[PDB]
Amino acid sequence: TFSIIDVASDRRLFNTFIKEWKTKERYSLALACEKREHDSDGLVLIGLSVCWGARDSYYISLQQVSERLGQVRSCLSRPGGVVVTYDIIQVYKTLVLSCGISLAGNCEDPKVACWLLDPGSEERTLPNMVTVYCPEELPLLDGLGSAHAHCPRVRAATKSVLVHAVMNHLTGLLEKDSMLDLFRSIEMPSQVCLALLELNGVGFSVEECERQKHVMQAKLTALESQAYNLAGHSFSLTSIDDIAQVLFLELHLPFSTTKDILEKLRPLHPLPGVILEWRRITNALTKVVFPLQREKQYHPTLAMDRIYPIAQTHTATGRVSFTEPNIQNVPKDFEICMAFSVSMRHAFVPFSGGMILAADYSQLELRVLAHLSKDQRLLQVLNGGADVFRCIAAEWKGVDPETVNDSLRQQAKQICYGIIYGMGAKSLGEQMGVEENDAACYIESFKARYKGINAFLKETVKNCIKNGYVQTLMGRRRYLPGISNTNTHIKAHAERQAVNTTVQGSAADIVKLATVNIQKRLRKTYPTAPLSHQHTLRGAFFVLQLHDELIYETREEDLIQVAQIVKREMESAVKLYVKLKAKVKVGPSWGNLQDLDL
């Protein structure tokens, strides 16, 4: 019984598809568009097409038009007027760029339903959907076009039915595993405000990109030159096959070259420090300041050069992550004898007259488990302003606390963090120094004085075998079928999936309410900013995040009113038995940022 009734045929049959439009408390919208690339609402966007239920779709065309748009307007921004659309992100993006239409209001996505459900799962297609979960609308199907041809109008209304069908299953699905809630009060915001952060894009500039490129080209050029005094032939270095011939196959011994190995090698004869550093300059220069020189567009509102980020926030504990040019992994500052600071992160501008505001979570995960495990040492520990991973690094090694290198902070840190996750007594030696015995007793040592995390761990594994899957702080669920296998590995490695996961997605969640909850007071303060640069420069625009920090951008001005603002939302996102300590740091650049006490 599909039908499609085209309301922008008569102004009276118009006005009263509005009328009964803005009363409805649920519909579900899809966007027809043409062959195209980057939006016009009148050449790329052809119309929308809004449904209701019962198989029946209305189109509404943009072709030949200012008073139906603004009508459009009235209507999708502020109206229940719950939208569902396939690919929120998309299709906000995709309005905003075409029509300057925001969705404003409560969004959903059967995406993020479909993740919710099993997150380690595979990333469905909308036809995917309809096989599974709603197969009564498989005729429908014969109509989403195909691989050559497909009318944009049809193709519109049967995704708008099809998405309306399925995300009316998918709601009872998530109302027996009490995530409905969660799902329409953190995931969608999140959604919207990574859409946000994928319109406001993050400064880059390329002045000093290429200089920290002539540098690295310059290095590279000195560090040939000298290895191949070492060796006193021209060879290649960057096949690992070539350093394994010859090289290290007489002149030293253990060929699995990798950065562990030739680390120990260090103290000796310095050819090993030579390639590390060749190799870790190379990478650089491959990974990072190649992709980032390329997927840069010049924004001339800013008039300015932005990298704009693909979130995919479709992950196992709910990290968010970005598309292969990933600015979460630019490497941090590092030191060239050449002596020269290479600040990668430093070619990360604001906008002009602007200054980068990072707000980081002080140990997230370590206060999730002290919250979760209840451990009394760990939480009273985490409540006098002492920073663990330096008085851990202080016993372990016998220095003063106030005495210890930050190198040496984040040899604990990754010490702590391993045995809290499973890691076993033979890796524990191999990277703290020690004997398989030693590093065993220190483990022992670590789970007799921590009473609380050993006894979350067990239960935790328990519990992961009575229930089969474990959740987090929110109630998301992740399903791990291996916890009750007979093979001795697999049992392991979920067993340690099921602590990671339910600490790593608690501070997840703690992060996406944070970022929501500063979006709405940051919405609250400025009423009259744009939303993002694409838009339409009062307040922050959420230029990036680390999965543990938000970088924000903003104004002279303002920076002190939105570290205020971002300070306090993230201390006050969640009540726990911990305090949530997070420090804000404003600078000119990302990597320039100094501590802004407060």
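Only the largest set of C-alpha atoms that superpose within 1.5 Å between the two forms is called the rigid core. Residue numbers count along the first chain shown, from 1. First, how it differs from the form deposited in another entry.
For the listed set 183, 248, 115, 133, the sole C-alpha moving 2 Å or more between these two forms on a rigid core superposition is that of 248.
Relative to the superposed core, residue 232 undergoes a Cα shift of 2 Å or more between these two forms.
Core-superposed comparison between these two forms: the C-alpha position of residue 467 differs by less than 2 Å. The rigid-core alignment places the CA of residue 89 less than 2 Å apart between these two forms.
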Second form
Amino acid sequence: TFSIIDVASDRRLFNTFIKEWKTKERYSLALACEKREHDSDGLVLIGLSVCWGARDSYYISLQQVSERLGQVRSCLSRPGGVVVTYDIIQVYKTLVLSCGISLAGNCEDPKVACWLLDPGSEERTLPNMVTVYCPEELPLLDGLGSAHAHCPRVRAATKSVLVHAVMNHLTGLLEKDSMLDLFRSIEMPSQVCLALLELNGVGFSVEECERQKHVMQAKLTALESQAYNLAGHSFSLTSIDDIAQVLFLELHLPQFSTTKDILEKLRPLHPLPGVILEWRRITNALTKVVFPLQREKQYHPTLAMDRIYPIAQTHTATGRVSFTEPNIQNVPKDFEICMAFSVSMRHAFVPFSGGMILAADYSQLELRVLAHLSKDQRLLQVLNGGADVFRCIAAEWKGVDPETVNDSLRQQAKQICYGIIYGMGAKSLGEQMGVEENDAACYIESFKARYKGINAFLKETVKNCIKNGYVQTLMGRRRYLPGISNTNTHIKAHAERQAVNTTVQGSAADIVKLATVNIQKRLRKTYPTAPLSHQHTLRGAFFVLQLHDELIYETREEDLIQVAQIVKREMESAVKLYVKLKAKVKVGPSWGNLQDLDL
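Return one more block: the form deposited in another entry, after the form deposited in one PDB entry shown previously.
Next comes a single chain, given without company.
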């Protein structure tokens, strides 16, 4: 039955546990943390629990410790040897930040497996797992502590045995879905990479952020002065009611939806919608970036700099990775204040002293992925010759030379292309393009006619989703879309759009995770003596940010060239598609100041 052996109680017992632990091809590890403080070994993290089959759990107490932790480090760092933990990122970060132990080897996390089996479902707690997947272990839930009495050793042992059972069931479930090698070769190493990113943080100059904040606040005072002058009274710029009054009630064209439609037929008609738009953009910047970042900032003393530590979400409908605490991914790009000041929220994100930011983006990634999946011969030959499809779309749309395509113009062409691929209608295309309804419909017809393989892939993806109830990515991840067969046409169409989008975007996410893993492997081979993160303590790169197809690394100046070569090679060789996977590598003294490193 449910047993708790205390191996950290005798020399021979602990040594036998270690020598049996090394041989085991798969165990479950759990952390026992009595959190009187909210990162310390023997003060917060109290112990370690290890479970193999037959409802037995071995608890290693980290109280009194040097030799216990040394042998646990030896086994936990390359003892097979698969460690199963609930919330792998949390466990890895806690181990690093408390006792300086890095989980080296193959990891498994029942959370990641449950998300694999049904990514559109809810994040199941471990109890939630036991009730659903392992009902025969339900009597053990009384013993995962409680909100009042935890007993961290007993809670750890119960969680470890439950995680072992749950992952044993989920392993067979994943093999049935043919997602097991993908789980073990792609998904879990990506989890470790993300935890290592979370440990790294991203450098953050408070001085630069304070400078930007002061300029933005002076600009907001000026903007409020103009807005109260362009209207007449001192209304509220943060109230949609106080905006829909003054707007649409004196001379405008319409509650009333005072949204960024004030760009349309209002920005070129009255200057207050532009002033309101600028005020809203700077207010977004302040209240969603600089105020959160100035309160989320944390001083790294070893690096002698401030850093921001985001939390990776990773439980996503499509396999993407987002972040929680500051929401770093959505930090705005540069924009101009006239007083011309350049608000660069990314310019506040800086490397350590003597360091460089290295950012490697995937060139038109989902175009290439879709060209491979659809086998569209036209797109294959076009983008295998180094062409920029976004540039050519922008040129043929505007009639301008492709070489004279602006970066913002390229963004609109990119949005048009991806929207068309992902089920955008004629009305939305007309809005985003300026053309009429019929013109946008004919544009979509021409897009599907010249890229015949793309239309065939769209139809086949929807047909196979109806026939199977799910869609599959390039590397085998499935998403279930029960609305694909809904009688209501809106839910059915929504599921078809999600089917195509999930296929292509999940495949791109899979490629990006693979590239992250392979870059990490090559970096470890090239600089074996470097620290894994900024919390492990500088040679090589450090992976401070992930941008769904872009990997930010923060390398040393001397290692910049080698790191860029490594990153480019790994990103281009992640997957052998019918397309080439070109990566654009940029270097700079800051995230907001990056120059192309032609290499």
